[PDB]
Amino acid sequence: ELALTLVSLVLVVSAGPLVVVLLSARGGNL
Amino acid sequence: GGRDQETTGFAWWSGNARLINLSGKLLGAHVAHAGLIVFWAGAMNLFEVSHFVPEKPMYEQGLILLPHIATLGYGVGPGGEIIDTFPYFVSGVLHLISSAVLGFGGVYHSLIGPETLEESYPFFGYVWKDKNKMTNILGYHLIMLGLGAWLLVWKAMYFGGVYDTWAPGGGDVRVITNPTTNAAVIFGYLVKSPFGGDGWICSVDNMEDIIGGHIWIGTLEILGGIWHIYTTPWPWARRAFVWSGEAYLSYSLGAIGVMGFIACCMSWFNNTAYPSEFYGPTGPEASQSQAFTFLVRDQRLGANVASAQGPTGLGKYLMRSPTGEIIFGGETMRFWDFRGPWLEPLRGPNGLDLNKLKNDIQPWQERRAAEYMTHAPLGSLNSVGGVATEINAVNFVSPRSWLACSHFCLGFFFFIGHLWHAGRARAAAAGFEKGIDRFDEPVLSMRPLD
Amino acid sequence: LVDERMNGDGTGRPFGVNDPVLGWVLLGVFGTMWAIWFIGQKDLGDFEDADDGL
Amino acid sequence: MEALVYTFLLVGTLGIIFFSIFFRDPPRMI
Amino acid sequence: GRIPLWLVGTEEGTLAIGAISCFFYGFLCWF
Amino acid sequence: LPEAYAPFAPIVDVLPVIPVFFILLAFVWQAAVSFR
Amino acid sequence: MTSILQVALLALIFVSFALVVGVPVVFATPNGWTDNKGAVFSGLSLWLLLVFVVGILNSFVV
Amino acid sequence: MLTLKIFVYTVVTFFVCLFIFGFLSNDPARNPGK
Amino acid sequence: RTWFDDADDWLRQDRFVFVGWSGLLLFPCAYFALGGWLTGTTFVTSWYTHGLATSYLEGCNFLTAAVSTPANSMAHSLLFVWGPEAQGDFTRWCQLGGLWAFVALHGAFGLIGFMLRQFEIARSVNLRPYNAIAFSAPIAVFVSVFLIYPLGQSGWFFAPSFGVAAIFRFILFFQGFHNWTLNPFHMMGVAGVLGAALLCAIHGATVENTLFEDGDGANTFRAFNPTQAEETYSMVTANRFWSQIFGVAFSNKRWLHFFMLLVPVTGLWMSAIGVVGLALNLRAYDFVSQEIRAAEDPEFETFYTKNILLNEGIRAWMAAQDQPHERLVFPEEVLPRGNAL
Amino acid sequence: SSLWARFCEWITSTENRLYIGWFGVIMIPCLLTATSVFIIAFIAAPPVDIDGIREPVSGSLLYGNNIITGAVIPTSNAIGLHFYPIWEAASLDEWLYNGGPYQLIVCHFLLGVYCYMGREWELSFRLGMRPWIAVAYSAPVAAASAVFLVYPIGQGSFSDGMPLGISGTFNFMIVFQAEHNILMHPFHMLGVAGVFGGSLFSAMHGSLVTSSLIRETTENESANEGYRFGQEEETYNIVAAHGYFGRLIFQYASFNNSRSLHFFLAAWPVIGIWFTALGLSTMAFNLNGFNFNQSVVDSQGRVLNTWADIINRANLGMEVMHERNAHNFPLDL
Ligand code: CLA
Ligand code: CLA
Ligand SMILES: CCCCCCCCCCCCCCCC(=O)OC[C@H](CO[C@@H]1O[C@H](CS(=O)(=O)O)[C@@H](O)[C@H](O)[C@H]1O)OC(=O)CCCCCCCCCCCCCCC
Ligand SMILES: CCCCCCCCCCCCCCCC(=O)OC[C@H](COP(=O)(O)OC[C@@H](O)CO)OC(=O)CCCCCCCCCCCCCCC
Ligand SMILES: CCCCCCCCCCCCCCCC(=O)OC[C@H](COP(=O)(O)OC[C@@H](O)CO)OC(=O)CCCCCCCCCCCCCCC
Ligand SMILES: CC1=C(/C=C/C(C)=C/C=C/C(C)=C/C=C/C=C(C)/C=C/C=C(C)/C=C/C2=C(C)CCCC2(C)C)C(C)(C)CCC1
Ligand SMILES: CC1=C(/C=C/C(C)=C/C=C/C(C)=C/C=C/C=C(C)/C=C/C=C(C)/C=C/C2=C(C)CCCC2(C)C)C(C)(C)CCC1
Ligand SMILES: CC1=C(/C=C/C(C)=C/C=C/C(C)=C/C=C/C=C(C)/C=C/C=C(C)/C=C/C2=C(C)CCCC2(C)C)C(C)(C)CCC1
Ligand SMILES: CC1=C(/C=C/C(C)=C/C=C/C(C)=C/C=C/C=C(C)/C=C/C=C(C)/C=C/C2=C(C)CCCC2(C)C)C(C)(C)CCC1
Ligand SMILES: [Cl-]
Ligand SMILES: [Cl-]
Ligand SMILES: [Fe+2]
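Protein chains in written order, with our numbering: chain A, 51 to 80; chain U, 33 to 482; chain H, 64 to 117; chain B, 751 to 780; chain R, 22 to 52; chain C, 23 to 58; chain Y, 12 to 73; chain P, 2 to 35; chain F, 11 to 351; chain L, 852 to 1184.
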């Protein structure tokens, strides 16, 4: 069913750039 | 410093080229890339396992990776049936797990691990000039590829067996007992003409010949590895080559482009290593199946199969070859070179035996001929089967078309990449990769031409 | 037959060779060109480690 | 009749190509 | 400071990819 | 799916699109320094 | 036994979420290998234990 | 036709051998250099 | 001082955009062509004139949407909103295909306003007006295919509709009715277009390839002062290069860029003349000699006499649904069958 | 000194006028072979059975064909993909009947243009330039090899290659539209954008440079004598040209760098042609174009018609007439 796959895909996608968000916030060498 | 523009001289869109003198980060890049390859190989496999239906033929579902395991012969029976899904599931999950290990190693070398392994590791360190060390690494790669070939040889010879498509009574998994390793036969295919009738190594027919050639490659690559670990290049090759970083990429790009073209022409024409029960019928096979189906149709009504003169004098059903054989008619006179297992028992010394076409037609042959003209490879980009002048009836594109077109494009781009790098590497070794110097100019010393 | 022809299509022979007379020409050109090159090796650059690359 | 006219025109085009390649003015310096 | 332009462009790219994915989904079986 | 792994059929159908996002991740990672 | 698979599988997926989130952050922080090291060791060990436990339990699932 | 075929193989293999033993004959040093 | 002085102060004040004395034409008379094309592709059907449902509201895609031409019974009227065919009833005016006659005849002045704006900035910044005379050629093309072709040929219905899948219908319309292929003016046109596409790639892959040495790193884009009195590419070296490979090679980069100017406009004007000659139905259809020879001798069969016998198969099949105002329904025996292909 | 050293020095000299190099020893004789066969076969070739259905086809000037209708006929379909040289034939009145010079000329011309691309690398390396002319020349090589080699491999016959003639080219194109629907294919639209953008960018750059020529001559003589050859002065005010373009359209679509402008000119039409070169190779393997038959459907279930449903009628009209005497079984073209 699409209603679970969309939320799972949003989680898998938002796992990506939040790494860059946390590293740009906390002081990483991005 | 390291990840800089104005010191390294490379822009952000040429960022990988900042790794030419960085062995550890280069290693991490490669191991992360291998992690990506294994992760795709797991993910698409488990996707096709989740969407797989066993009652339906495998080429009617748009699957490309499951036939590569079914050709080796895990979970299949006679006639190309599918009895199981758990071997496919194991082959998915093992790649999906091993990709995590390779991704961890790649990220560790590309983030924390040391940049230059040549300081504290005199084994793994390498300079692009060091010819003996380059031949060492090439020897290790060749030994690993030789063991990779012997894995296939052992799977054919001892472990279960391989799905042959030339066993009688339909295709069947059998165990190779006598791999034909005749040198005068196996080194025929490497030399045969790449045109029609003859064919290049795409004209391979025997699983005995396939496994014997892999026995040859398994011996040869191990011998080459033992050669290059202990030898250095000789001066006729030490002056013929450009010895640098990017040049080594330049040779491999042209090689892998040739690999892609050979894979394309394999996957479009062959029916031995890519069996018709798993990937579908081929180009000539569709036309041969159509002509055979309409001949078996029109034979059982009263019209003759021999004296049925067509529109222009030539035979409507049976006619001759250019080289005297007896073949089908219509437009498969361009496709008379076809040899399939549903047709070869009906084929005698002069070709199509008229007595066998009267008396010896098999029901499984009738079924294969009835389904191949239905599922002939006539695709579309929006996945509508048939010709362009066909209504939206059947959602069908053959997997052979996707494999052929995709690998032809992906080989042609590697060819263009070779034309890039083989120029740029020799220009950088010469010393004018950045432009003509304004003071020392090579043209204003030369003569005019008038 | 009616006429005369080589009948070399569809055979599958190495290098398209039919006669050994046809086969000797390959080596008879290749070896002489190699010999001229190997004589011309005198006026080239041969070396221990003087390699032409980065 | 007209085949000779066709052949004459093609050969004349090729001749002007030949003279343009080999009998040009020399592109001379400063 | 402000919300940076790269973080603006990432969200604009995601809001473009979502609309294009809905365009393919309405392309497949919708009219 | 063959067996009791059946309720993971949603998250199986997200897997092959994941390797493509590494290119976009590299572009966003190099936009994070404003391309410098 | 099905739930014994599925709880371990959800734990494996969530440990993998923890890896994909934290381990690049721990690696890219300039003292993260000094600070969060035993946590990464225990996470990798737990990941391997979950993989082997699921692999052993799939034999007992009949 | 065989008289033609020997001649065609002769010309083809002469030019191909000239090609190969040209590129073995110290190519990347016949540049303007440094 | 007076009037026509503060109105020259403004309209020539500088901002981000540049409106001018012909920008006062260009910006109002265009942008409604864009709005009308988008409106006709999105909202507006073509069910009544042609018989084709070609809107976004009716399930069509970006490829298959087109602001459609009026019916043949609207012979050559200008099709105003008000007037003798629509009387200001805006819904009926949109149904009768007046949007195409809005957008085409309204953007025909948009091209004039754009070329005059291009002509006015070249007087403001004191430069030579060679950028103006090049844009006359797509104006000639636009006039020739959208304006002069429907006038002398009994209808605005016989005009290429503003779309993507309708331009394709127009191309097959010429290929199956006019045989636009055999027109020497079209040979001039394809020579101009494809030679310009050649020479662009040649010049681009030559100039930055025989480039000088100014920077330090291999990124050669970072080594260009825009305020420079030197060169950036070795003309002598590229001349010697293309002289030794190709034979003739240029030596005058005045003449080079002037030749790049001169090729595609020559191609497009020499295509526009042929489109005029096709508008008058002076088509490059069949010859005399091979036809009178092929009627006598049966086995002749050139590609020419196959293209004619193929174009007949185009024109007998597509017409009965292309143009319903003819009111013709061919029986299947009348169609060119080919004996069961 | 030695014979081989003197021969190599002559063949890699840069003072002979038309350069040769080491790819030139395959570029020169093979293309001279192809030219010397093509000029003969365009003039005096006997009629050729293109179809294998015992119907010869006239293609040469002597048999009632002018310059437009003259063509080298491709090889018959019964000959197939078989390599068919002169020496495998019976006579030269039998080699010319079954499509000989097409088989000879194409296999020559392809090797000729590949070695010509190698030569364009080699002379750049011999002079000391940067080597990327051959990368740009890879696009029309791909466009030639797709219609002469890849598509007949895909169709299994050398018949369906492009006939070497003006009036034969269009009979290739129209039947290709019939069987494969090339217009409804996204690679081909990228190539149309490539050629139209290439013409636009050539006319635009040749306008904006010629519109800024620094005056060096008078108004009576030629405006091309203002450039003395081999100078060091920039003859066009690129600052003023960029300012005019920025006033004309945009200041953020600048391309102020001359080198960025030249990269854009080098990469627009080449990447435009590469996608059509892939599109022909994909349609060779029967990976057909788009298909929008019977898409627009009313609420009942009846079939409405669109421009795709008119192009379907035109392609039916082409398809039921191409190869009029061969096809009997109802499909597979
Ligand atoms: C798959 C392809 C690939 C790979 C392997 C690399 C790899 C690399 N690039 Mg690179 N690059 C790529 C594509 C790729 N790039 C593309 C497409 C571009 C064009 C946009 C660039 C442009 C580019 C530039 C401009 C530069 C590099 C540099 C580098 C190197 C250092 C990166 C760094 O600083 O890490 C640090 C990374 C971070 C701080 C960000 C965190 C990223 C995390 C680790 C992502 C991991 C996610 C994953 C789920 C983790 C799995 C863990 C596992 C246990 C489950 C590194 C080896 C640099 C270099 O030369 O180094 C000196 C450099 O200057 N690249
Ligand atoms: C497979 C082997 C391979 C390897 C290892 C390399 C490695 C390298 N190449 Mg290279 N190259 C290859 C193949 C390869 N190339 C091929 C096949 C081509 C022909 C197209 C090229 C063309 C090429 C050029 C023209 C150049 C290089 C350059 C480089 C260097 C830096 C690259 C970099 O940081 O770019 C960073 C990567 C990017 C910016 C990626 C951009 C993405 C591309 C343009 C399109 C991606 C299409 C994608 C499939 C679309 C997916 C769908 C989409 C909707 C998401 C590096 C040594 C550059 C250099 O400086 O060399 C010294 C350079 O100028 N290469
Ligand atoms: C039976 C079959 C009949 C076949 C007939 C073949 C006809 C075609 C032959 C070509 C005749 C035209 C070229 C000859 C003039 C020439 O040599 O240039 C004059 C210069 C002068 O060289 C100089 O020549 C000197 C020699 S000489 O004294 O001048 O003779 C030398 O000493 C000096 O080093 C050098 O600088 O020669 C060279 O630059 C290189 C010589 C080779 C180049 C010519 C071949 C290239 C032709 C292109 C082929 C593709 C065309 C495709 C078809 C359209
Ligand atoms: C079906 C099977 C198909 C098999 C295909 C085989 C393809 C063979 C390809 C060979 C590539 C060789 C690469 C160049 C090799 C090379 O680099 O040459 C150079 C090398 C010597 O180099 P050096 O100059 O360093 O020699 C040392 C001293 O000269 C140093 O001053 O010579 C050889 O080793 C030749 C090796 C055997 C080559 C074959 C024998 C040649 C003579 C045979 C001809 C007989 C003549 C008969 C007259 C009628
Ligand atoms: C190595 C073998 C490969 C190359 C062999 C083929 C070479 C082709 C030579 C082209 C000759 C054309 C001479 C143009 C006349 C000429 O000599 O131009 C000379 C001109 C010289 O420029 P200049 O700088 O000297 O001019 C200075 C100013 O005062 C005036 O321009 O060069 C060019 O502009 C190049 C344009 C070539 C355009 C070629 C297009 C021709 C297409 C083919 C036409 C014939 C059709 C053939 C069908 C039968
Ligand atoms: C195994 C597994 C895991 C993991 C996975 C992964 C590995 C993920 C990652 C993913 C990713 C990796 C994601 C990413 C994303 C990103 C994106 C989606 C982006 C967006 C943006 C855009 C698209 C835009 C861009 C741009 C810029 C801003 C710059 C320039 C260029 C451009 C404009 C393009 C988990 C357990 C979790 C689940 C299950 C499976
Ligand atoms: C550094 C660098 C880079 C690259 C990166 C990479 C490429 C990495 C690798 C990555 C990867 C590629 C990784 C992998 C991972 C994997 C994993 C982590 C896995 C997990 C597992 C799973 C998820 C499974 C689950 C399950 C089972 C157990 C079976 C059945 C099915 C299921 C699902 C249930 C980038 C671009 C950022 C840029 C910058 C630099
Ligand atoms: C299993 C298989 C088999 C077999 C396989 C094999 C055994 C393979 C091998 C193959 C081979 C054994 C190949 C070869 C390769 C090599 C090559 C292809 C070479 C090339 C050339 C080069 C690389 C060079 C270049 C250049 C010149 C020209 C000279 C000097 C140097 C240079 C670089 C400059 C058979 C039949 C059973 C079939 C089935 C599959
Ligand atoms: C009708 C009419 C009129 C007019 C009105 C107007 C003024 C209108 C306008 C309108 C408009 C104003 C329109 C517009 C349209 C457009 C659109 C709607 C857009 C779309 C787009 C899209 C959807 C996107 C695409 C793309 C890009 C480019 C980016 C990236 C992504 C893509 C590629 C997708 C009047 C009353 C006067 C008169 C009468 C008639
Ligand atoms: Cl025809
Ligand atoms: Cl048929
Ligand atoms: Fe330019």
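Bear in mind the hints are in silico, worked out from the structure with no lab data behind them. Incorrect hints may appear among the rest.
With a straight-line Cα cutoff of 27 angstroms, these simulated DSS-like cross-link-like pairs (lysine-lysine) come out [claimed, not checked]:
{"hint": "1", "chain 1": "U", "residue 1": "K57", "chain 2": "U", "residue 2": "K224"}
{"hint": "2", "chain 1": "Y", "residue 1": "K48", "chain 2": "U", "residue 2": "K88"}
{"hint": "3", "chain 1": "U", "residue 1": "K161", "chain 2": "U", "residue 2": "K57"}
{"hint": "4", "chain 1": "U", "residue 1": "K224", "chain 2": "P", "residue 2": "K6"}
{"hint": "5", "chain 1": "U", "residue 1": "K57", "chain 2": "U", "residue 2": "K163"}
{"hint": "6", "chain 1": "U", "residue 1": "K390", "chain 2": "H", "residue 2": "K105"}
{"hint": "7", "chain 1": "U", "residue 1": "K161", "chain 2": "P", "residue 2": "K35"}
{"hint": "8", "chain 1": "H", "residue 1": "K105", "chain 2": "P", "residue 2": "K6"}
{"hint": "9", "chain 1": "P", "residue 1": "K35", "chain 2": "U", "residue 2": "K163"}
The following label-pair restraints were derived from C-beta to C-beta distances [stated by the list, open to error]:
{"hint": "10", "chain 1": "L", "residue 1": "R1066", "chain 2": "C", "residue 2": "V55", "range": "28 to 38 angstroms"}
{"hint": "11", "chain 1": "L", "residue 1": "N1088", "chain 2": "A", "residue 2": "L52", "range": "52 to 62 angstroms"}
{"hint": "12", "chain 1": "L", "residue 1": "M1024", "chain 2": "U", "residue 2": "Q93", "range": "33 to 43 angstroms"}
{"hint": "13", "chain 1": "P", "residue 1": "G34", "chain 2": "F", "residue 2": "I149", "range": "23 to 33 angstroms"}
{"hint": "14", "chain 1": "L", "residue 1": "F1106", "chain 2": "U", "residue 2": "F445", "range": "19 to 29 angstroms"}
{"hint": "15", "chain 1": "P", "residue 1": "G34", "chain 2": "U", "residue 2": "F155", "range": "29 to 39 angstroms"}
{"hint": "16", "chain 1": "U", "residue 1": "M291", "chain 2": "L", "residue 2": "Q1151", "range": "52 to 62 angstroms"}
{"hint": "17", "chain 1": "P", "residue 1": "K35", "chain 2": "F", "residue 2": "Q238", "range": "25 to 35 angstroms"}
{"hint": "18", "chain 1": "F", "residue 1": "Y58", "chain 2": "R", "residue 2": "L26", "range": "41 to 51 angstroms"}
{"hint": "19", "chain 1": "F", "residue 1": "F72", "chain 2": "P", "residue 2": "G34", "range": "50 to 60 angstroms"}
{"hint": "20", "chain 1": "U", "residue 1": "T263", "chain 2": "L", "residue 2": "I894", "range": "41 to 51 angstroms"}
{"hint": "21", "chain 1": "U", "residue 1": "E113", "chain 2": "F", "residue 2": "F72", "range": "25 to 35 angstroms"}
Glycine included, each C-beta is placed from N, C-alpha and C at the ideal position.
Results for each hint:
1. U:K57 to U:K224: With a Cα-Cα distance of about 44 angstroms, the restraint between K57 of chain U and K224 of chain U is violated, given a limit of 27 angstroms.
2. Y:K48 to U:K88: Given pair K48 of chain Y, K88 of chain U is violated - Cα atoms ~52 angstroms apart, limit 27 angstroms.
3. U:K161 to U:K57: 19 angstroms, holds
4. U:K224 to P:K6: Holds, at about 18 angstroms.
5. U:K57 to U:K163: Roughly 22 angstroms between the alpha carbons, so the hint for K57 of chain U and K163 of chain U holds.
6. U:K390 to H:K105: 73 angstroms, violated
7. U:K161 to P:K35: This hinted pair holds, its Cα atoms lying about 19 angstroms apart.
8. H:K105 to P:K6: Distance of about 35 angstroms is beyond 27 angstroms: violated.
9. P:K35 to U:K163: 23 angstroms, holds
10. L:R1066 to C:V55: 28 to 38 angstroms: 47 angstroms, violated
11. L:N1088 to A:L52: 52 to 62 angstroms: Since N1088 of chain L and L52 of chain A have Cβ atoms about 60 angstroms apart, the given range 52 to 62 angstroms holds.
12. L:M1024 to U:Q93: 33 to 43 angstroms: For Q93 of chain U against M1024 of chain L, whose Cβ atoms are near 36 angstroms apart, the range 33 to 43 angstroms holds.
13. P:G34 to F:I149: 23 to 33 angstroms: About 54 angstroms separates the Cβ atoms of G34 of chain P and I149 of chain F, which means 23 to 33 angstroms is violated.
14. L:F1106 to U:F445: 19 to 29 angstroms: 27 angstroms, holds
15. P:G34 to U:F155: 29 to 39 angstroms: Distance hint for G34 of chain P, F155 of chain U holds at roughly 36 angstroms.
16. U:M291 to L:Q1151: 52 to 62 angstroms: 54 angstroms, holds
17. P:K35 to F:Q238: 25 to 35 angstroms: Once the Cβ atoms are compared, 27 angstroms apart, the range 25 to 35 angstroms for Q238 of chain F and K35 of chain P holds.
18. F:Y58 to R:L26: 41 to 51 angstroms: 49 angstroms Cβ-Cβ, so the 41 to 51 angstroms window holds.
19. F:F72 to P:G34: 50 to 60 angstroms: Hint holds: Cβ distance 56 angstroms, inside 50 to 60 angstroms.
20. U:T263 to L:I894: 41 to 51 angstroms: The hint (41 to 51 angstroms, Cβ to Cβ) is violated, given that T263 of chain U and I894 of chain L are roughly 59 angstroms apart.
21. U:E113 to F:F72: 25 to 35 angstroms: 45 angstroms, violated
Hints 1, 2, 6, 8, 10, 13, 20 and 21 from the earlier list are contradicted by this structure; the remaining hints agree with it.
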